[PDB]
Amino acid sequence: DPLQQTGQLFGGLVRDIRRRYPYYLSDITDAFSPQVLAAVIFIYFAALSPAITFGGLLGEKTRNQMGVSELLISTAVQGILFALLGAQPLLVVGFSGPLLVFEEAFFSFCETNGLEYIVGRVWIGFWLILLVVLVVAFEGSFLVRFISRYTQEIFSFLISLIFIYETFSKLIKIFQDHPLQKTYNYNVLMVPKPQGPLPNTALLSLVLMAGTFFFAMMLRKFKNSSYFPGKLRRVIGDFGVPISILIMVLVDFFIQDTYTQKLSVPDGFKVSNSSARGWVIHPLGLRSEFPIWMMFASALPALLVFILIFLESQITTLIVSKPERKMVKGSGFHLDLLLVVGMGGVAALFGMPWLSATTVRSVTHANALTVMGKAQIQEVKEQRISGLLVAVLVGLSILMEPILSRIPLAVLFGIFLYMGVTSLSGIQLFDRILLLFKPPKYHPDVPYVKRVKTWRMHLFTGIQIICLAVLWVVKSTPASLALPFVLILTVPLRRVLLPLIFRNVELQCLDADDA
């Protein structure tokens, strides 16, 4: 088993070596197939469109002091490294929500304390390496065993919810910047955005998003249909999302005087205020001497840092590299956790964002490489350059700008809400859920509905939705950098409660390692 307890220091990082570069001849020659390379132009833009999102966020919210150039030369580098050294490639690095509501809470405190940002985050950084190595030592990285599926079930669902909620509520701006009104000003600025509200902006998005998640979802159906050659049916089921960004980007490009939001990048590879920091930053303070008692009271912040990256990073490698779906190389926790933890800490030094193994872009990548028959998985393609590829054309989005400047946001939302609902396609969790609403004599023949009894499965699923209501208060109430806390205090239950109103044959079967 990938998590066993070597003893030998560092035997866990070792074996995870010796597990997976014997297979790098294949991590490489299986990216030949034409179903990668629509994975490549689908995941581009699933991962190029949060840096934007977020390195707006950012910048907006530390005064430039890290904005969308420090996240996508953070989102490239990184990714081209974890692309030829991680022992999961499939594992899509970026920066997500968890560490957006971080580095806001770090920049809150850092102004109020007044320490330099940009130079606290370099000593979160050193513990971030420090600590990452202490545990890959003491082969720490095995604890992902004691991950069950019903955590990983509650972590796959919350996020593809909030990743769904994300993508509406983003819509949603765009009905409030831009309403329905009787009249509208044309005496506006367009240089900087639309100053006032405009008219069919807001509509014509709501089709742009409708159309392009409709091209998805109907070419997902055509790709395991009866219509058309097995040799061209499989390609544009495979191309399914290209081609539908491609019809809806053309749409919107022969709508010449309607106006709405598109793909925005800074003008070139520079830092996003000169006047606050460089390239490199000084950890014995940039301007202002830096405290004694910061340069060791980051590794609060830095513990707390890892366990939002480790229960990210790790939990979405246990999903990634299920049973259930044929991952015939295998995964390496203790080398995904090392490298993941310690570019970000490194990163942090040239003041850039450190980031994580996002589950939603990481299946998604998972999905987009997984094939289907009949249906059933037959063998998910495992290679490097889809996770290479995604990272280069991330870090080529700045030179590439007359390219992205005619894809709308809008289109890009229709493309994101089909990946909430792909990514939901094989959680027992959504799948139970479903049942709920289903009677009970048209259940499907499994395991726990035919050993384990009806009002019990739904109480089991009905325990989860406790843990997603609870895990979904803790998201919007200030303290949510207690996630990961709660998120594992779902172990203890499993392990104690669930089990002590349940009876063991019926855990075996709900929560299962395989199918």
Contents of the next structure:
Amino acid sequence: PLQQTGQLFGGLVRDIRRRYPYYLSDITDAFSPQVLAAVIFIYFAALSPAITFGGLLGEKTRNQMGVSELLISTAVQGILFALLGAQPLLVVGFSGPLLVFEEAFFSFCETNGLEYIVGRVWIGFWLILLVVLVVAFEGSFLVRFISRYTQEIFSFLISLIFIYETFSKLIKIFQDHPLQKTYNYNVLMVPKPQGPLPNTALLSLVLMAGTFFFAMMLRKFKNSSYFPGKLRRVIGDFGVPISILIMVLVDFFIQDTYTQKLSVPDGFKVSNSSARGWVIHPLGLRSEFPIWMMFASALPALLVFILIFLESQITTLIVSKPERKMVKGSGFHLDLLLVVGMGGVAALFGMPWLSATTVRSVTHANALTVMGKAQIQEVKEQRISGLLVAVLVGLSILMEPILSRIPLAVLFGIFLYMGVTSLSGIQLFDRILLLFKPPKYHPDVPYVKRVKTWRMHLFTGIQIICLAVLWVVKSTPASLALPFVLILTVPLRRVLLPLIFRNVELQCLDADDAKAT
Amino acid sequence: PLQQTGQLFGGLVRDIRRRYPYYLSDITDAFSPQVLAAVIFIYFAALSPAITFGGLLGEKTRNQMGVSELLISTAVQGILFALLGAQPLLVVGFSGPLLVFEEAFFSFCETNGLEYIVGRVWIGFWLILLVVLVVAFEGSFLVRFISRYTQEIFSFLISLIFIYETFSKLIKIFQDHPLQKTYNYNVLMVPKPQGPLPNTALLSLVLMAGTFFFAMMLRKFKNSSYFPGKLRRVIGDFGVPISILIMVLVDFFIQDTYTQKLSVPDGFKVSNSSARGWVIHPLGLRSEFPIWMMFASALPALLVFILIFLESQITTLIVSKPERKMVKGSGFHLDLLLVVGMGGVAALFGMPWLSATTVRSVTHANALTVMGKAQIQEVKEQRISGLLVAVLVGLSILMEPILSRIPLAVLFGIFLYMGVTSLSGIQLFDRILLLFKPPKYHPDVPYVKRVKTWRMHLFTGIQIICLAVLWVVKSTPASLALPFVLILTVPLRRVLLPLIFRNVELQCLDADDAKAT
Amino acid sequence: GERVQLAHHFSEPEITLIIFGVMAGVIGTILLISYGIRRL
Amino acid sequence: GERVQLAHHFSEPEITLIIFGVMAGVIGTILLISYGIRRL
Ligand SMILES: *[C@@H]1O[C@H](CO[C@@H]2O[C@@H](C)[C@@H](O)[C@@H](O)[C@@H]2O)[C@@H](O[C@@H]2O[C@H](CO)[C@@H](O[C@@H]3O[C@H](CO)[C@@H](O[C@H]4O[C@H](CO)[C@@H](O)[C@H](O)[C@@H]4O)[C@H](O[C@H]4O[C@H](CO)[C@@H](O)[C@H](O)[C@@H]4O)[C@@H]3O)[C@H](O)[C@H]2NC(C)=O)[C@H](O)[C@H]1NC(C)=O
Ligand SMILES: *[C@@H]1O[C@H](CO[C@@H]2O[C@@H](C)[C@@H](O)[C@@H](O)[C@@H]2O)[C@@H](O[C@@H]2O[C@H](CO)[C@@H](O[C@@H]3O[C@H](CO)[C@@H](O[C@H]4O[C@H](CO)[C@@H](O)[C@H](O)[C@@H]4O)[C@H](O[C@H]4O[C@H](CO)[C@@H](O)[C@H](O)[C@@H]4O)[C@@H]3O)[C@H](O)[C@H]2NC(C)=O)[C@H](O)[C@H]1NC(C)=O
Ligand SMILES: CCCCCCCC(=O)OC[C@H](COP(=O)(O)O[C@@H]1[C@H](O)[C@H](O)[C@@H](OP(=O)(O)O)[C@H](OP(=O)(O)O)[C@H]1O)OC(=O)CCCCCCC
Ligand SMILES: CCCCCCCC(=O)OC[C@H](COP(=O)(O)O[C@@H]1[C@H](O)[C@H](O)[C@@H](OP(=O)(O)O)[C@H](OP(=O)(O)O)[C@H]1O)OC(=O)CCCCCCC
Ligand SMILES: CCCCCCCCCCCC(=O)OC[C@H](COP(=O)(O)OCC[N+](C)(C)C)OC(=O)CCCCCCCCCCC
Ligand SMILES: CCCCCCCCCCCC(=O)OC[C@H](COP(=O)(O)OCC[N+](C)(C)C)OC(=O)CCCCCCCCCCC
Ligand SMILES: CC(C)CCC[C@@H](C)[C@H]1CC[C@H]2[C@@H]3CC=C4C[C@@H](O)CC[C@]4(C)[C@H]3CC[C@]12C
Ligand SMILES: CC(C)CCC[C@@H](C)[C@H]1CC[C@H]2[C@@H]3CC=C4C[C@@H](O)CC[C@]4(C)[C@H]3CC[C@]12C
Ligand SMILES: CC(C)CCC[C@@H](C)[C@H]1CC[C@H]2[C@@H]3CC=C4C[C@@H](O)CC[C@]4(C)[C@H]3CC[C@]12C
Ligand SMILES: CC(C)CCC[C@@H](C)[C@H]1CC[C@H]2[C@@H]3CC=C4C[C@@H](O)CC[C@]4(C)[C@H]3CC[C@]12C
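Form deposited without the partner chain done; form deposited with the partner chain bound now:
Now the full complex is given, and it begins with the chain already shown.
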């Protein structure tokens, strides 16, 4: 798929001829219990980041963009991607770097006096032009130079960040409601508690620990040798929904203690009915848009395109590895075109542009993975799961009574489970674990019995330094330079690593298909 | 060690000749960090039941027998047993059936106006005569009729009771300190909370679970392939002390919340300084003891003798199984004489008579077991560990500034660890698991490969019915009849079981040394 | 939309089709130039 | 002991010595009976 045909739109056309003949199977392969369990799992895994990022978006943008706009954008883009995308297992949604750009743009528009919502409309206009030209000249073929080195580094960094934020939310709960000898028994409740409350932080930790515990116990039970196998398989597939049901039920029966719940908006209305409508005029709402910023929108559009491109294409690389047993193919040109074009169109409606999110998509692919009798047997590659997830996200406003009884702590345990299980296929994480293991224990893999142990540990430590560098850059004001610092790993792998590693260790350690050279 | 010789005290003399030559090894074999870790483990595992049972005894005896008496009796009897017993791996202390007897006697003494302490002095006096006759006539040889059937039934029931009581203690904390919207912030804390307190029950749950999780994780860390191996083994040996220290520090750094802590008596004084002194007059304290109760004390002394005999000898059978790799020998005549005679003597000092408890002894033997490269290699059979545990129990009164910072919840998680780890060597527990496991999965063991699966499950279910019957008996006021109903399982195996099972099936399922007939 | 908005010469559909047509013409321009190059 | 206690003719050591002597006597009687049986 990464071959360069030389014909205009050749990559886009080849992607359609490769995946669309499988469309009939893309519907009928979803008629399994595991596909339904994944929809409940990815429904929450896509709804909770949507709500959190929409609320934080509303707090930083003054409600120009908020929870409702993000939810509608996520639903529409996910439906259109599941119906038309060549890799339907990707989950399209909002990400942290996108939120960092939205704040950075809002702050610039406020500093210069521009309307932020109108300014985005022009970024979305420039986004469509950039992606059409890139797809026309098969610009997605440069993805072939992102080896397992950069892919594994990026995936490990994203998973570590996800785990860190999941824990930091629990620490935030503990700071908001600290353990004290005395509390005020009369504390205002609406909209959120105005003071510390007893038992809140400790119950939130228990509902997180318990969710993670049952999730992992049911995951181990699926691979276990207990019960008739078909019953064990159906119970293990519903593992995460069963754990969510158990703990939510546990919070539901303790009614004296307060726990923070999911809060969807009241209806399908803009977050700010006084600032903007559903449609944004490109020439301005309250002030005429300057003509210089219409051309100056290309640079933020270039940055947004770089962010979305790197995130989505590296996610597609990760989920479509040969070791994952994907037999249906993926489209690096069609998916990028769909994502960026839908983002540019949603910019006109005052809605966030999205990207394929690594943790969500890897969790979606893992929930559809069927394991043989330790080894991966097949993946339930279909379109119904992601489409139903997007439909449920769009309908999440209507199911407020159900979602108002689900605590965040249960979802926090689910997120910790997702972050832990997203590390399974990353060889950098296995090599990090081999650092603490005595050499005789090291497994029978090509990079152990064809590379000296200290050489392999040096290769791992060089990757660890890259991880630390990327983590430091993220925690700085210049966190939007993260795609460039990540792309700096490719010249490191191709130019500097040959200098101190011979070719055979490079073939054994950085292998696309995990082969012994 | 169970043969009958036909010579008076023949079992006792052969018991001494069997083990006493190994006395030099019984001191030098303790020079290992595993022994010290076992000392730290069994110190708490024996001290906490001592305090709890002493508090219950003082509450029910009106302080005639209390915490200090139980502590000093446990210390002295454990020291003398470690220095003289033929099986120094047994832990000698108070048990639940003994508490049930102390309450029942107190009620009879209260009903007919008999001082309770003086009757115990006469029961213990009758205890010395009974054990001398049993030892002189080699009565311990009847232990050979207690096969693996009764041993595993008793061990499984005792482990289940231990686990059930540990969870019940956590439930009581929730009942004492219920989760509730509002609390009285000004509640007297002396000497126990006089009302519900915030964050107490939840913190107790988080501490118990934390310490259980850390203990299990370090136990897995022992068998894992991580770290230098000798360093890993050291850390795995001290896993329970590390978990205890971690959770004690966690509760130490949470100052505002209240968690119940270990409380030891103020000094080495009698629990009730008005009721009695250190020495009890057999003729009476305030009123003259009647002559008829001097002779009538034999029957409660008889019941105490069956209780202690059954518990101690079944514990000796379980701990000294051939599969546990004890090469130093176990003495069924010497330990019974020592335990019962020491209890009868301690009755004269207003002190409880003890017994070889099953859970503590099994935990003590397990902590001294050295695992091979899944298979038991050897056990550190020595006299120093139990002696130091008894010495620390006796010294616990002067270690109040250390013990007052240890929460009960940490010890609750330690008790659950002990309960779940005491089920490893029980074939009844393994066969209960095989009920929920499909036959293809079943292991390559003689009772699976030479007995039909439904026959094996019928054999297990007959044992399950006995477990239900014994658990029911323990829940009625007639819970002191448990030794007799347990004894009734010996005719069941020897008479009723051959009526429905072939001799081959009984050899495979009820095997002394796990042999395929 | 909302509140009081500025009335422009072109409505939102008019201006968005204008921008779309300009973008389409531009894209055709780079495509035709690229067709011209790599052949001479 | 403690508090106010009734005074007996025998003290604690005297009474415990006499009871241990009676116990030794009955134990010896039973042992001699057992020696007499199993022999005649
Ligand atoms: C829904 O949206 C409302 C309107 O948002 C405004 O209009 C849209 C179209 C966009 O262009 C937005 O960028 C724009 O803000 C919100 O009402 C607004 O709320 C915010 C926060 O309370 C306030 O807006 C303005 O904040 C400026 C600072 O960022 C401030 O400038 C001031 O700067 C410092 C203080 O930071 C002062 O020292 C300066 O002296 C200076 O005043 C603005 O001040 C003036 O702005 C306009 C000028 O005409 C006036 O209308 C203001 O009343 C004020 O005199 C101002 O504080 C305002 O409260 C409010 N502004 C407007 C224009 O309505 C609404 O909060 C939002 N809803 C939700 C839920 O977020
Ligand atoms: C330390 O020991 C104290 C006294 O122990 C005494 O000496 C030892 C050697 C034993 O022989 C003990 O049996 C003996 O009492 C303890 O102080 C005692 O506390 C209990 C609990 O309040 C009370 O003892 C008695 O309780 C009886 C109930 O079982 C009661 O009979 C009564 O029953 C009902 C319900 O209580 C009442 O409504 C009736 O009226 C009926 O009387 C006893 O009543 C009478 O008995 C004595 C006999 O001499 C009289 O002298 C009393 O005046 C009383 O009227 C009695 O209440 C006492 O409070 C107290 N007993 C004594 C003798 O001081 C102490 O509890 C213990 N330490 C700890 C920590 O428990
Ligand atoms: C309620 C469930 C049953 C209990 C009531 C009892 C009624 C009941 O259902 O038991 C019969 C059945 C016996 O199992 P049986 O050997 O007949 O069936 C095999 C079993 O299902 C294995 O799990 C399958 O292998 P895998 O796992 O796919 O690799 C194997 O497939 P394959 O070899 O053909 O490929 C099956 O043939 O159940 C049990 O598994 C015993 C444990 C009972 C579990 C106890 C759960 C309470
Ligand atoms: C804490 C280490 C100090 C850091 C500095 C690093 C220095 C450091 O301590 O490690 C080097 C050293 C290498 O020496 P080496 O490999 O010969 O040591 C083996 C190691 O002790 C194994 O655990 C033993 O296995 P087992 O249990 O007996 O079967 C094996 O015994 P056996 O095969 O002959 O029977 C030993 O040979 O240890 C490691 O293996 C790495 C441990 C990984 C952990 C390293 C980091 C956690
Ligand atoms: C599987 C689940 C993973 C387990 C992870 C547990 C982490 C617990 C989070 C607490 C950290 C924290 O933040 O503690 C500090 C907290 C809150 O901070 P503050 O500064 O007091 O708030 C003031 C900030 N204002 C300005 C907003 C008011 O203070 C406390 O009340 C201490 C209670 C901590 C108890 C820890 C629970 C048990 C942990 C051990 C479990 C084995
Ligand atoms: C591995 C370590 C253990 C893990 C197992 C968890 C057990 C925790 C205890 C629950 C049972 C209990 O204690 O509930 C019983 C209590 C007592 O209620 P009461 O009406 O006051 O009692 C009546 C008796 N009176 C009259 C004396 C007062 O109920 C409650 O107050 C409700 C709150 C229970 C919170 C449950 C904690 C969440 C656990 C979920 C973790 C998966
Ligand atoms: C890449 C995409 C954004 C198209 C490229 C943008 C440039 C070439 C074009 C596209 C739309 C154009 C605008 C469309 C409409 C008007 C209103 C008119 O009264 C003045 C010119 C003005 C303001 C145009 C200026 C130039 C413009 C901004
Ligand atoms: C860095 C910490 C965290 C982990 C420690 C693991 C590393 C440093 C250790 C573990 C095993 C070690 C190797 C074991 C044996 C040999 C063979 C010898 O001829 C040269 C050194 C060499 C190749 C060692 C190099 C260092 C080594 C790889
Ligand atoms: C097995 C042990 C308990 C011995 C059996 C008890 C019987 C046989 C013996 C042991 C000690 C005996 C007591 C010793 C001394 C006296 C004092 C005397 O003025 C009256 C009888 C009396 C009170 C005796 C009664 C019988 C007695 C209670
Ligand atoms: C109580 C629950 C948990 C246990 C359920 C498992 C029991 C009922 C099942 C599981 C496997 C089954 C056995 C599997 C196969 C055979 C061989 C057949 O020729 C006779 C019956 C027999 C021997 C079955 C008897 C019933 C059995 C033992």
